[PDB]
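Peer 1: One letter stands for each residue in the lines below.
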Amino acid sequence: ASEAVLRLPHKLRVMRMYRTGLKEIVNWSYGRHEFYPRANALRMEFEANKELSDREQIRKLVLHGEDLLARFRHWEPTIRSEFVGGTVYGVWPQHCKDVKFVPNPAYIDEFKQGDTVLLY
Amino acid sequence: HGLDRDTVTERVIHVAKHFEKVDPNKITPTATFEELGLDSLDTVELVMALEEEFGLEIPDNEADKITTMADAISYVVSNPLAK
Amino acid sequence: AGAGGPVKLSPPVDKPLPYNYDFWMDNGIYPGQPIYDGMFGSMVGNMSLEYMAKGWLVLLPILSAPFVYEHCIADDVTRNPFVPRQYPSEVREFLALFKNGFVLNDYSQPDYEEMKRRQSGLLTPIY
Amino acid sequence: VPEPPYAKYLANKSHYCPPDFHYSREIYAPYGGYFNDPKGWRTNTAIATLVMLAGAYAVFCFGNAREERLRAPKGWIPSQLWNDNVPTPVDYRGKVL
Amino acid sequence: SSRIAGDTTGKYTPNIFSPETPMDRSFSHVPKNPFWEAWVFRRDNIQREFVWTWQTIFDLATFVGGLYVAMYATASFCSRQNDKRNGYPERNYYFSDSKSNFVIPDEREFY
Amino acid sequence: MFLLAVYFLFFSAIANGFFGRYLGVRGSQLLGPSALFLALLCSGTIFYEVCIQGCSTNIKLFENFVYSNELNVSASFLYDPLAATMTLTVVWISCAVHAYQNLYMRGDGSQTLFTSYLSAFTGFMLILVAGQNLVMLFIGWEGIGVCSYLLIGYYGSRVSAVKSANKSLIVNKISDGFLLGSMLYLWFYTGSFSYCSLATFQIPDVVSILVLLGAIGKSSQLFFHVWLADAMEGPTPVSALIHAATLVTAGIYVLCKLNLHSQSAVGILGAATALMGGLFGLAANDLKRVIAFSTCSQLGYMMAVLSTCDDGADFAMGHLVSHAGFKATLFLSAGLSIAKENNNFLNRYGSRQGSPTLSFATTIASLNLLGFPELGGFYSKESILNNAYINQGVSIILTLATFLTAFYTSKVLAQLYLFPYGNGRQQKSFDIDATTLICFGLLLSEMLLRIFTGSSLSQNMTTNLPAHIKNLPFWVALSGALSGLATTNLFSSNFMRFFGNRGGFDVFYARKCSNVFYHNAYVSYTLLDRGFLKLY
Amino acid sequence: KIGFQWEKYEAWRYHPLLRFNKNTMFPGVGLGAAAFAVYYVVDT
Amino acid sequence: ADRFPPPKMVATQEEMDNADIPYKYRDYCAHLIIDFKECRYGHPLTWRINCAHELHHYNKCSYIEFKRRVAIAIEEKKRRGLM
Amino acid sequence: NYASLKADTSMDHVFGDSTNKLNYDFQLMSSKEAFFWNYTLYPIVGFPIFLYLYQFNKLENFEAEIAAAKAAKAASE
Ligand SMILES: CCCCCCCCCCCCCCCCCC(=O)O[C@@H](COC(=O)CCCCCCCCCCCCCCC)COP(=O)(O)OCC[N+](C)(C)C
Ligand SMILES: CCCCCCCCCCCCCCCCCCCC(=O)O[C@H](COC(=O)CCCCCCCCCCCCCC)COP(=O)(O)OCCN
Ligand SMILES: CCCCCCCCCCCCCCCCCCCC(=O)O[C@H](COC(=O)CCCCCCCCCCCCCC)COP(=O)(O)OCCN
Ligand SMILES: CCCCCCCCCCCC(=O)SCCNC(=O)CCNC(=O)[C@H](O)C(C)(C)COP(=O)(O)O
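Residue numbers (our numbering), protein chains in the order written: chain U, 1 to 120; chain C, 121 to 203; chain B, 204 to 330; chain F, 331 to 427; chain R, 428 to 538; chain A, 539 to 1074; chain X, 1075 to 1118; chain E, 1119 to 1201; chain G, 1202 to 1278.
Incorrect hints may have been included.
Unchecked claim - One-sided and incomplete, this derived list gives chain E residues near chain A with beta-carbon spacing under 10 Å:
{"id": "1", "residue": "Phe1122"}
{"id": "2", "residue": "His1149"}
{"id": "3", "residue": "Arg1158"}
To be verified - The following label-pair restraints were derived from C-beta to C-beta distances:
{"id": "4", "chain 1": "B", "residue 1": "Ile238", "chain 2": "U", "residue 2": "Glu45", "range": "38 to 48 Å"}
{"id": "5", "chain 1": "F", "residue 1": "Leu383", "chain 2": "G", "residue 2": "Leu1252", "range": "19 to 29 Å"}
{"id": "6", "chain 1": "G", "residue 1": "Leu1242", "chain 2": "B", "residue 2": "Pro284", "range": "21 to 31 Å"}
{"id": "7", "chain 1": "F", "residue 1": "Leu383", "chain 2": "B", "residue 2": "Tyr224", "range": "36 to 46 Å"}
{"id": "8", "chain 1": "E", "residue 1": "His1161", "chain 2": "A", "residue 2": "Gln740", "range": "55 to 65 Å"}
{"id": "9", "chain 1": "C", "residue 1": "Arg125", "chain 2": "R", "residue 2": "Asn442", "range": "48 to 58 Å"}
{"id": "10", "chain 1": "U", "residue 1": "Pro77", "chain 2": "R", "residue 2": "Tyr495", "range": "44 to 54 Å"}
{"id": "11", "chain 1": "A", "residue 1": "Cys1051", "chain 2": "U", "residue 2": "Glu45", "range": "39 to 49 Å"}
{"id": "12", "chain 1": "X", "residue 1": "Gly1104", "chain 2": "C", "residue 2": "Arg125", "range": "32 to 42 Å"}
Rather than coming from a laboratory, the hints here were simulated on the basis of the structure.
In this text, a Cβ means the ideal position worked out from N, Cα and C, and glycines have one as well.
Between the sequences and the hints, there should be enough to build the whole structure, so can you do that?
Peer 2: Set out below in structure tokens:
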């Protein structure tokens, strides 16, 4: 688990584990057909331990699930192309206005363009 | 393309219906997930399903801030890559 | 749409820069990258170099097992059930010249020893 | 922002240009602009084709002058139509054609 | 707020009194960043942070002097091989102590 | 007549890249394909004259390109049977890609510059192939290297693309440094740079190792394969050209042109590369990356076959020319699939109504890759596998490589067509014009002609092997295909992760080689010249 | 079943136009087979 | 080797040079490969159907030569006592 | 004058915030590790040097042994 995940509150930490687990189900699948049963299985895995109230056991489950989600990070995340980490992100980025263009550059003081040696 | 609120509302309402617990009239353009009857783990699934519906990737910290039907529509409207 | 897609601009530097900040490549778009990916920062698949070395340690003996038998354990007489291609004397003498030839392994020939020493030739030019 | 006066001399956005894509029209590049399609492109392509064929004729003369065949072809080759230095064909058996 | 300084016709005059900022060569100058400037200053004046430590001496010796020693040894070996190849007598190189005066081969001689 | 094709390609490059303002996007879309069509006619004439009718020609453009004392080299072109075949294959594929880029690159800003790069890229390949001496080959070699650098990094606002181009440039630099060493060796002890006087029956091992090290660069073999996978950052037309003919094949062409290789090294390296490429292509989830790893595996087969027999050079060239076709088709169809689905990941592809031509071309190219009987790829691959039986170690590894190749090829086919639709409910479309149909028709004509004309003279010559040995590759390919269709798990998650990281060759370079490189730079600069030797 | 009804939400993926057609992947294989059968009868 | 003597070489040096037969192909089968080569390059695209008799004859003679090679191998191996 | 140090937050909601930072210390390899890896890789670079050294030593040793045997044969005879 990263520092940002650790600093999160318990409710949001379990939410992060569920979100990352679902995304890793998507990454490790071969198609959308594999996703649904595996998503239901992850659903049941979280639902099984939701009613535990013993803090120490809950900490054990969260830590073990975080280790499992760290090990099964996919080498190739499935990311939409237009978003960060995507193929078409930055291919031809839209160029902004207010560009500093100097018109007729060579005709501004044409004879006296050059470097000068100034002395004391 | 900036997608108008009315269409985004229709599609978010369409996604929210598929939860069995949620009753088809409780979902309104302005309703929190709690009144709909959705849990936290359910809100994860709804945020993801919104990701397929509009073809976008929700960065996670914003995903936490989505807890209502209203703000989800606002986030989708804000996004210029939402389809 | 290939052209005109939205992009995130990397924030301007607001703190003193490290001396080796040249290791970071940033063109102004948000996801800047190391000069060589994997040199530092996030690792693809959360796999360290130790993991890859252990995996290679597992693989190499199995991959090398087919090669080691023929090259080392086997010998020219027992490698194959036949002798190399038989040629007329004029053709065979020319073909035996090639150090990278395939007639140098003909143990039936009376010039086998010289042919084998030709095959195991010089490492570097003498002159 | 009110477009500068020189914008009139600059050309418009082409049909192939996506409507959302913005580029600075003042930048000059020898390979062309961001989407080109200039007026008079057909005549320029015709001129380019004429130059290509004329250079092909010159290269053809040069190559034919410098094309050396020192071994007879096994059969008839198309070069015999245009170059006279082709040796008379001899087949695999050895008979001259 | 801006005006075109350059005139292709040749009637160019610099409007130092003009209310509008000329579009001169300084128009396209890069804005610059305070911390980047201090990084440039630090990197150029890296001799200020130079400290003689055993680690520094170790690095300098092992890489620089090591490469010099390796190159000198390789060059000496190549010279020895070439002397054997050419048939020359062992040449009196500067730091080699040889009791032979052979330095430059005689072109006229057959070796 | 022989010079004309190179003239046409370089004219297309100059016209589109320097006068493209006048020509326009349409002007490129005519002058490119028309010029390469004319070059295709010229290349067909060359192929008929040299290969079929056995008439080699030498054209000396000018003498004394470098004339310093004894060192003398001339700009000359010799079209020998190898050169004519490679020229025909290259020009055919490049004409197809130029037809392809008219519609694919219309949404790209600099289509004229892209066409100019593609045409100079082909021209330098033909200079490499037809050179009569080593220096002309080096010219073409460096020309294709620089053109790959300018084509992979076409998207300059992407850090990944420019870093991929830098990777390609650096690796290729090391390889040609080794080649230049071998060139100097051969000039010193043979008296010339020409291949005719280049012949040596016995060569010292150093020259052979230098030649092999130079060759494994462009023909990406093991420890030099890092750039090929990253070369996916470039546009799809670039990937087709580089993987099909221009870059990867050059090392094999050099090894076949000069038979200074050693049997022991080439066979082991090729078999290792084939197995590793198949294993890496197993894990990959981008459509484009799997095809690159398959290219690596096929290069491994071709390098391995040199060790087997005297006809190994002919078999390698035959597989080279056969491979260019269906591999180019696979990249072009994959690129069209990406455009239609706006996606690069195999999971979200699925069955969808499309053009019959593109799906058929994908199916037939994948069947050639698999080894489906009575196909051009089948013959050129069985010629290698059956003749490799004598080298027991090589044969085993190549048979497992055939299994892996079948598995991932069938998996890709099932995921692209048989699988249910996996992408989202959004309006996505790429309508194909008649030009793309002419492109795929040209590829399909190449594939069909390959069956009738063959790849090597000894292709159907008998290898005196038992029937169960001879027909074994078919059974291994069929088993791999059946396992791929079922999408079964073949390796544990640890080994799947290992293969997804491509063996960690790049992570080793990162952590040790690059860090040592920049620590040497730190010692050289900061400690020494701006340190010890800098005044206060 | 608890959770989002993923398969009902994505029941449009079985659209007639999103299904596999043998003709698209194998356009003229049947014609080749029929021609080979006729040529087989002739050759035999 | 002595027990299984080489066959007579039908193809002569001038014929092999006139057919441009590489030295690797000059293996007591050269005449048949001259036939196969001339017929293959005679029929550029129909050689697979037309040129089948010549290929068959070459493969037959090559099979006989391969049997001779295996016989030589067995004789040498039994002479050394390995079998 | 100087460029603004204020970032643009327009696209944070689309592409994520910039809060997360790199964990690298921007420091180089240790001196001890660098010594090992220089003295390992540089010899691998100079593989021709060792081949030439090996063959030259072999040639000189064989020549000297021939000379010694020649001296032995030319002493008695
Ligand atoms: C061999 C005999 C015939 C020689 C013909 C050679 C073929 C053409 C040679 C033309 C001159 C070669 C050098 C041209 C200038 C080098 C710069 C260049 O090629 O491209 C420029 C700009 O291109 C030009 O304006 C001129 C190119 C015209 C034609 C270039 C053909 C390819 C060059 C050939 C490689 C030179 C070989 C050198 C080694 C042998 C920069 O391109 P990018 O860095 O990719 O950025 C472009 C923008 N974008 C990000 C969108 C891609
Ligand atoms: C099929 C033909 C062969 C294909 C390539 C096969 C390569 C096989 C080489 C790997 C097998 C032997 C590895 C040596 C045994 C080490 C086992 C434990 C590894 C370990 O503890 O330290 C590692 C050292 O890196 C290392 O182990 C680097 C040693 C590698 C030797 C150089 C050989 C080239 C390797 C290129 C590909 C291999 C990638 C994986 C090595 C990680 O170090 P750390 O980062 O944790 O150190 C901390 C930073 N202070
Ligand atoms: C204070 C500053 C200095 C402190 C730190 C110094 C530490 C460095 C010491 C090791 C340096 C590398 C080893 C070279 C010196 C070895 C010992 C010198 C004695 C010697 O010449 O032996 C020869 C060494 O082999 C050779 O010819 C050289 C082989 C090693 C060179 C290749 C390895 C690196 C390759 C990188 C490229 C560098 C060279 C580029 C051309 C072989 O003996 P012999 O048969 O020649 O007879 C010559 C009779 N002694
Ligand atoms: C590709 C491979 C995928 C890897 C999958 C690995 C993932 C491991 C899964 C197993 C780890 C766990 O169970 S982690 C389970 C940790 N257990 C607890 O937190 C008990 C306390 N539960 C609560 O406080 C709430 O019920 C709460 C659940 C937060 C929701 O709040 P709501 O009541 O408002 O819905």
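Peer 1: Hint compliance check: list the failing hint numbers for this structure, sorted ascending.
Peer 2: 1, 2, 5, 6, 7, 8, 12
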